[PDB]
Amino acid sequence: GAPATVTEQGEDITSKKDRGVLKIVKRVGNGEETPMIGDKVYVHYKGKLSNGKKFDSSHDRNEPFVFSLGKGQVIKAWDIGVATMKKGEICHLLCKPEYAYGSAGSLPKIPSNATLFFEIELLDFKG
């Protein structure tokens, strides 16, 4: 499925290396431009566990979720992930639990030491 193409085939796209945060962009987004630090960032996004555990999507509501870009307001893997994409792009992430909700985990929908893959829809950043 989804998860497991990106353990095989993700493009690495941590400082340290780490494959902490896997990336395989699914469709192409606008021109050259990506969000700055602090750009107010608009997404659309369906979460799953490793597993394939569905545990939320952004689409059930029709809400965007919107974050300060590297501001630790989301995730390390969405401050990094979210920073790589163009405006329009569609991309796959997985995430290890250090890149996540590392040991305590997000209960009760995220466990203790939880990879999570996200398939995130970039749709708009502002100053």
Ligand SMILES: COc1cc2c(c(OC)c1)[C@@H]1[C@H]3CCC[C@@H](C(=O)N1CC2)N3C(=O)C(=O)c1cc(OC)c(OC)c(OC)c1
Second form
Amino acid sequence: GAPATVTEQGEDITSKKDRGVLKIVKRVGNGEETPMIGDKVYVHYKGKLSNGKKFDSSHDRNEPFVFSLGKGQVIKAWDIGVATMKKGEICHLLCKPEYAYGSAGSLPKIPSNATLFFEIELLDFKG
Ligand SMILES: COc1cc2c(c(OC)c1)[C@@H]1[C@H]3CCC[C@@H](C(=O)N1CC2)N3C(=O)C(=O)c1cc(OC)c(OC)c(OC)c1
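Since the structure above is the form solved without the ligand, I would like to see how the form solved in complex with the ligand looks, so please show that one next.
Let's see the whole complex now, leading with the same chain.
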């Protein structure tokens, strides 16, 4: 499935080149510009655990998820991964726990040492 494919066929987008965040571009977005630090970014996403559970979806809420990029308001993999996206892009991200919730996890949804899959659509970004 898609998690296996990004695991086996994704590109390492980390600075460290530690394979901690892998990406596949599913739909090419517009132009060349990616968001900047501090931009208000609007996304739709779905997240899955490595056991196959869908732990969340913004689509199911009928509202985008909004955050300020590069401020640690989201897991590290998101700050790194969304920073690579163009407006209108859809990507898949595979997030090792060191770039997600680590050994702590996050109750109730996220176990310790969890590798996470996300599908993310960058809707818009604005200063
Ligand atoms: C405690 O409730 C939430 C916490 C967080 C988030 C969240 O989003 C609805 C809810 C977000 C989301 C989206 C950006 C990436 C990632 C993330 O880093 N954040 C910020 C942490 N993240 C998730 O891993 C996520 O989907 C999620 C969903 C959750 O519930 C649907 C959740 O627990 C309530 C949770 O706890 C850490 C995380």
